[PDB]
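Now for the letters of each chain:
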Amino acid sequence: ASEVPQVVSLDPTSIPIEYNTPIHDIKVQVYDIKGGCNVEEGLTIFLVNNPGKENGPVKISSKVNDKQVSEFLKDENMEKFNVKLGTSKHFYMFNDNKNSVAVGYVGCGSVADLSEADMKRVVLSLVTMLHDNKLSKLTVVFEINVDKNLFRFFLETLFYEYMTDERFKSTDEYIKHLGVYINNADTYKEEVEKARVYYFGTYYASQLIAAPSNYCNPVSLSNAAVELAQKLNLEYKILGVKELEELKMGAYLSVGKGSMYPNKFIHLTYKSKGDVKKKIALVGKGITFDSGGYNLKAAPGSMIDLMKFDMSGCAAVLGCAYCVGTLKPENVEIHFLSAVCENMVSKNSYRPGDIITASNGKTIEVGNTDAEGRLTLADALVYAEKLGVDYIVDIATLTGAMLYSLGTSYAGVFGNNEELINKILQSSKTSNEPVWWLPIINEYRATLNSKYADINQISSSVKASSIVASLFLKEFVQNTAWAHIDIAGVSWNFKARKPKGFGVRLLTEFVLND
Amino acid sequence: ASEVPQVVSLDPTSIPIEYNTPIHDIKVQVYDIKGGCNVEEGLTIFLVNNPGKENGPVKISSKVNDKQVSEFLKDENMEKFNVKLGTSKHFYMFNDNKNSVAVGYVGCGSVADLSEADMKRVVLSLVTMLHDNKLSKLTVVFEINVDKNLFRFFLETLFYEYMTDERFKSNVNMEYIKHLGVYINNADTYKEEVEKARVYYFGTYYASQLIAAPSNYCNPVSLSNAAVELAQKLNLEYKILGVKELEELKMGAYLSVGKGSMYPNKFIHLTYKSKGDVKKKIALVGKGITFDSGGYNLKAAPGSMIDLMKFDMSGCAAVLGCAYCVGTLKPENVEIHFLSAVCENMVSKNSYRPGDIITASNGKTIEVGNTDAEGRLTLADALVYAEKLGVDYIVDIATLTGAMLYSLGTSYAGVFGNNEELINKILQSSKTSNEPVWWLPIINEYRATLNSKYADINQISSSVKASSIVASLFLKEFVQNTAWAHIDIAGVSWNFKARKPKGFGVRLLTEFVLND
Amino acid sequence: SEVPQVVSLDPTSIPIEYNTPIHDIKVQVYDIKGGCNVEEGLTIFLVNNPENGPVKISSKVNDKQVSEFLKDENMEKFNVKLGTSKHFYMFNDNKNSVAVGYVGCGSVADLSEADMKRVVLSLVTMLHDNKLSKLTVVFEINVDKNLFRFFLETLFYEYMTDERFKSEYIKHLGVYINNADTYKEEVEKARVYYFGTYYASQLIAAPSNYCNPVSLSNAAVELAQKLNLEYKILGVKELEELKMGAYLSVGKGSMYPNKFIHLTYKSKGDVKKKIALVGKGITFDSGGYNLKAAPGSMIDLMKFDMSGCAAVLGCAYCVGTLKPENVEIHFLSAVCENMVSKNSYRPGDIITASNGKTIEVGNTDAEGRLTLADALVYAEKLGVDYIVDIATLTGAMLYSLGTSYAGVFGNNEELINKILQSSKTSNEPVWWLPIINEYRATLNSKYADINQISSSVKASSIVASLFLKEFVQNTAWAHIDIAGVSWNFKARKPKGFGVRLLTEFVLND
Ligand SMILES: O=C(NO)[C@H](NC(=O)[C@H]1[C@H]2C[C@@H]3C[C@@H](C[C@H]1C3)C2)c1ccc(-c2cc(F)c(F)c(F)c2)cc1
Ligand SMILES: O=C(NO)[C@H](NC(=O)[C@H]1[C@H]2C[C@@H]3C[C@@H](C[C@H]1C3)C2)c1ccc(-c2cc(F)c(F)c(F)c2)cc1
Ligand SMILES: O=C(NO)[C@H](NC(=O)[C@H]1[C@H]2C[C@@H]3C[C@@H](C[C@H]1C3)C2)c1ccc(-c2cc(F)c(F)c(F)c2)cc1
Ligand SMILES: [Zn+2]
Ligand SMILES: [Zn+2]
Ligand SMILES: [Zn+2]
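Chains as they are written, first to last, in the authors' numbering: chain A, 85 to 256, 262 to 603; chain D, 85 to 254, 258 to 603; chain F, 86 to 135, 138 to 254, 262 to 603.
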């Protein structure tokens, strides 16, 4: 526990965090469709498609244990509506006990199996039916086929989108029950609490990312990490400047020199109770605010006002810690690392041109102070390898170029080991968090040859910034399977103006399958 | 009717126009709300507020002639929803006769007076519902207060927003209603607003069709042809002036702009004259640049949005849209001239150049400092021509300066003038048309920056950044002794959010003509 | 067709060299087993050391003079750092003046194509600086047959110098290598691949006033007749009848009429695979009214916007020369020029592709995908199994893959894998990038059926891919974006990237 420094007494000294969310009070009940659906209080929504027929008619296939509601939902009545992806309708009628009931459907399109992108659109339509309607219960009937992972993804996304983050509201009700009808209900029931765990890890990462830099700063973010570890029973260590100096983490320390906040290195650990068969280090980039430094983000479109999100990597990692500490995987040991700091303009800031020494002795010539993430990661990666692990995986909002390469939907993965990269890709598939393998092209290595230092921070000629950054990071892992997940493009949801909490599920699937 | 030149045979030779729209098929009935509501058919939507209570619950007061819908509308059920402006819900159910109806509402907030802006939000929320509706009838129940002019705005806005422009497409989820029912206090006073709204709608939709039509469809030849066709449908006098006539009139400023285009300049002159005695002569002048590249001052800078510059003939579109309304409604005692010097501003071996000195048809020489200030050049000759007609009032409408975006923005247009009475009359038309306009000064202190070293006058200023004022000072120099006002709609003409035209100006100009 | 001129001094053809000094080089491969003979010219040893360690030459040299020079103690003074070279003049046993030296091949045992390029360059440097009758190269390293072929191709290509616009070479090449007999058939394959690549380079390097739509399609014709390939040049009257409104719009502003190029190779005998190769052919890209005016848009490079076409024609030369079996190939290119005029198409214009789809033009500098849409409609009407297009399409490739790797997108995994397999055996490196369907919605025009560009999504190369995907209804299709990879910025010349890639793809299938 460290005291957060303030300039005035109105400066915040902690990150407000909501642990007990309304979502956590929702009772979930799954039923097999074979038994028929009961339509009573609340809203009962059918998820319906029509394979191959673009805007085909709605047909309700499930038995509804009610004569009135069954009559209403007959084919002749439904044929006037179509299944176009994301279309929806509210129905109102009285049931057999002369009570009023609300029914409806969401269109799931014409394709037999939904992509995670489509499912997200289905959820968004559903969440629209929940908003602006004081409901006590929602009931969802699956007339579409989903695999278990996508069933879980449906739940996680539902919980995440429905939830509203109101921590910073001053002057400006959720359902209590969720029923789900699906074929083979027993096979899906185990997905429900996993979805709840995954939702909050995701949502937790999002609260830290969305928290502005005056609230979420290196000291308060590491304070939150400690607090998280205590609630979860993880081991933790927070390295302050004095310890970091002794470890000679020159790269990391140089970046934070300019900040009124002292750097804090977060190290959480989860150990299994049984024999440890696999050791892992997860490393998240943790710049709580990235002004660019003396290479100030002043150019049009540099979006300096978004740079609270430059610790999204760290948040994904802490979010993953929540899931792993909760679900408690066996036969594994996990280190959660983040070299947290803040990149500022000051009389004490490191300068463009400065030559700095990393913790492994490699000297680095700084060409651009706005390329700070790779400096902090270099020391975090050296530290990580000294732990003696089997895999190192870093996750980071490293390069703007990711927006020109893969866009806002897929993250990019780089690495030095093919078996590790495929495992990341397998996690991508099962978490439904899209990731694409990109090359580390060695031909570009020579532009990192500094005239004076051992290595250039940046390339003066090569414009493929994501690859060059990966080449730089590679120099700081000597002998361990390593992968890099650049999330600079997928971290923020620009349409909805909120974080995605991207990566938490991806990392946790990786830990679990292993 | 002139022939449209083509580069290849696949180039279009006319602007497609929809004259008959499904809006024109909708039967409109207005009923008095004190009698309660019939809801046995179609879609019934209640417009409701909750004064004082921000985001307050929905309460429906009206008696309805169906027990089922009555139950649905009980306070216990309706209070699960709130009246946040724009928020809507609607449900399908079976009525007393076991027929399918739909019932819902649109929230109108917590304030008893709806702004025009607020009303557009309500209308948009309604239209969203209609775009997923296949029911034959829409019934709108006003449990809020509205006035005759606000109600007519609701109708015009509803019609325009409801109609979609599919001319360049090669729903399956909606269908256009055939009946629209309105329940409102004092139905009989509001009835006459209906066909007026239908007229104002089409004039506005017609302008929008011209504006949205891309510059390979909408060029000076095709636009002048369209105007001729319109004039013939309305029995208007018309004449289109070509290059040789324009040269004889010595329109050097306007002809300079068009030099670099493959399309010959065409000057549009339509006339409406009332059957009775003529007491007021008015000239309506619309800027008609069918595409604005900037010329040699090419629109290359960040934010110059060259891909939207098909809209630089928006002023032309509003004056032709006004001609529809006028020719249809036929006001008495007035003679109105609809003017536009139409051309295209391009980059060619033949284009005029930055620095060129040119001579306007009133003899004034002009030093061109920026070829992208070409609108004021075409207007200069159009203003001279209009003053020659011997009118009492000249009003120009034009997408003239980008600086409107920084002064009034996208909601309010700006009016400048040389005559207070005419300006006051414009501001009144703005009020009753619900097309907002704000009076800005012509500050004479800036005039000296237009003193060219070589020519009679400068086109632009080299110092003053208050563009909109400077361009007005330039225009003023081409109206000698007539009451004149200038409406700058550059900020206001396009609807960025909805990616379509507003057709701004049609109703404003028509109201000015009808109520003066 | 007659090339139009503004002034009498305007050129009316592309100068093309067919018979090059390279084709006059006698190439001979020997097995290292029976020692190496150092009798004339320059002898170069390719050596490594499995880090910047010392040069140790292992092969036996049948000359007392050269052997004492290559003695381990002398050579230790030199290191094997990749790309470094030394070479000394000396007199051999019979008082002949000979030159002996080495090129270091680093410390890793398996060289990438990138390292191999570095070996070849340092080797070519010496050839340029020395009047030699004969180069001998000794391989004391391990290479694939593919990598061996790559060595030659690169050697020839970099050795050759293009002096067509200006106002000596070895006559013999000796190669000593382990298992000589397995590498002998790679020699003339390499010679062919060299010229396919050098030919494409000549067209790319040719400035726009020499290489315009008329003169470029004239050259394709001249190439077709020399190889006896079926050919067909479609002109404006035909393109209009075919209703290619997107492609015709791009060229409306040019003084050179559009020319659509169609060449065909058919193997003698049973044909099992039909293929359409489509190259982007914009002979100069000014950008149109969306003028390349912004810093770093590099308008002076934009003669290179025809690299995809050149790639395809270079491939036609290789396929026309090697005559693979079981295949029918259609080499397509909608050639035109993108210019600023009174006749130019405008941003905001709505135009109609030959399949009926209307397109809203958001940016005239995205002209490539417009011409490609109409080419792809045309290609699919040919009834082929695969459509592969190659294009300098989006500048974003620079920021995703850079100047070394091209990106490939497509609608069929089996075809994409074939392209990737050809990438590895041609040693022209390509990387698979996704077509992300979630971005499709930003091509939903308010007025037309589809947008040419996105106003929101910044993943240009993918959006462009999504756009092209709409013009292939039912055929396996891939798209190779070579914008970042086409021009060699350090050598200030073209790479002619894609010729060998497309040919291996044809050959391996
Ligand atoms: O500062 C950064 N990481 O710590 C990173 N900057 C870079 O990639 C720049 C920096 C470092 C490099 C050398 C040069 C060009 C490139 C690579 C300056 C970066 C990260 C995200 C973004 C970014 C900007 C946005 F507007 C945006 F919407 C977004 F999602 C990401 C831009 C730059
Ligand atoms: O080109 C024009 N009229 O033909 C007009 N140009 C200007 O106002 C500029 C031109 C002409 C001037 C000298 C200098 C500054 C000012 C005045 C360049 C103008 C009008 C509208 C817009 C404009 C741009 C937008 F991106 C936009 F969204 C909009 F609604 C309007 C930009 C420039
Ligand atoms: O002109 C082009 N295709 O015909 C292409 N332009 C783009 O990708 C831009 C164009 C077209 C688009 C709309 C907007 C942003 C994007 C997409 C302008 C493009 C292609 C190559 C390059 C390019 C520029 C360089 F300086 C360079 F060295 C290079 F290798 C390629 C730049 C733009
Ligand atoms: Zn940075
Ligand atoms: Zn202009
Ligand atoms: Zn271009």
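Read the hints as simulated data drawn from the structure, not as lab findings. Virtual Cβ for every residue (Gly too), placed ideally from N, Cα, C. Warning: the hint list may mix true and false statements.
Unchecked claim - Here are a few chain A residues that sit away from chain F, every Cβ distance over 12 Å (derived from the structure):
(1) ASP150
(2) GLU200
(3) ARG205
(4) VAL211
(5) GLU227
(6) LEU416
(7) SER498
(8) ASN505
(9) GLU532
(10) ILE547
(11) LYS552
(12) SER555
Said to hold, decoys possible - The calculated EDC-like cross-link candidates involving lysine to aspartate or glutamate, where the alpha carbons are at most 16 Å apart (straight line), are:
(13) D/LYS143 <-> A/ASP216
(14) D/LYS173 <-> A/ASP216
(15) D/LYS168 <-> D/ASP202
(16) F/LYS540 <-> D/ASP202
(17) A/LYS218 <-> D/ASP159
(18) A/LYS346 <-> A/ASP256
(19) D/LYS143 <-> D/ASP116
(20) F/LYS451 <-> D/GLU250
(21) F/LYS204 <-> A/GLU532
(22) F/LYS436 <-> D/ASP95
(23) A/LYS143 <-> A/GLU155
(24) F/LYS584 <-> A/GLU532
(25) D/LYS168 <-> A/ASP216
(26) D/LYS182 <-> A/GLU282
(27) D/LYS164 <-> A/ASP256
(28) A/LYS182 <-> D/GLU155
(29) D/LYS143 <-> D/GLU155
(30) A/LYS584 <-> F/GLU532
(31) D/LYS164 <-> A/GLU125
(32) F/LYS362 <-> F/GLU324
(33) D/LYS182 <-> A/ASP256
(34) D/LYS168 <-> A/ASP256
(35) F/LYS386 <-> F/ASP459
(36) A/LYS204 <-> F/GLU532
As the list claims (entries may be wrong) - If you want a taste of the chain F side facing chain A, the calculated C-beta under 7 Å gives, among others:
(37) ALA201
(38) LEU492
(39) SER494
(40) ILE530
- For the pair supplied as a hint, A/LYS143 and A/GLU155, confirm whether the alpha-carbon distance does not exceed 16 Å. Distance of about 13 Å is within 16 Å: holds.
- For the pair supplied as a hint, F/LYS451 and D/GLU250, is the alpha-carbon distance within the 16 Å limit? holds (14 Å)
- Return the status of the interface hint for F/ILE530: holds when the least beta-carbon distance to chain A is below 7 Å, violated otherwise. Holds - the Cβ of F/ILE530 comes within 7 Å of chain A, reaching about 5 Å at its closest.
- Message: Hinted pair, alpha-carbon criterion (16 Å max): D/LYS143, D/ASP116. Please report holds or violated.
- Response: violated (20 Å)
- Task: Compare the distance between the alpha carbons of D/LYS164 and A/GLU125 with 16 Å, and conclude whether the hinted pair is satisfied.
- Result: Holds. D/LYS164 to A/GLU125 sits at ~13 Å (cutoff 16 Å).
- Check the non-interface label on A/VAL211: least C-beta distance to chain F beyond 12 Å or not. holds (18 Å)
- Evaluate the condition: distance from the CB of A/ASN505 to the nearest CB of chain F exceeds 12 Å. About 15 Å separates A/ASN505 from the closest Cβ of chain F, which puts it past 12 Å; holds.
- Item | Pair hint outcome, D/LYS182 versus A/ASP256 [Cα-Cα no greater than 16 Å] | violated (44 Å)
- Item | 12 Å cut-off, C-beta based - A/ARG205 kept clear of every residue in chain F | Violated: least Cβ distance 9 Å, not greater than 12 Å.
- Query: Does F/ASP459 lie within 16 Å of F/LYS386 when you go C-alpha to C-alpha?
  - Reply: Satisfied, since the Cα-Cα distance of roughly 8 Å is no more than 16 Å.
- Given hint A/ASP216 paired with D/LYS173 - CA-CA distance at most 16 Å: holds (9 Å)
- chain A contact restraint for F/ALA201 - C-beta distance below 7 Å: holds (4 Å)
Of the numbered hints given earlier, the model fails hints 2, 3, 7, 9, 11, 12, 16, 18, 19, 26, 27, 33; all others are met.
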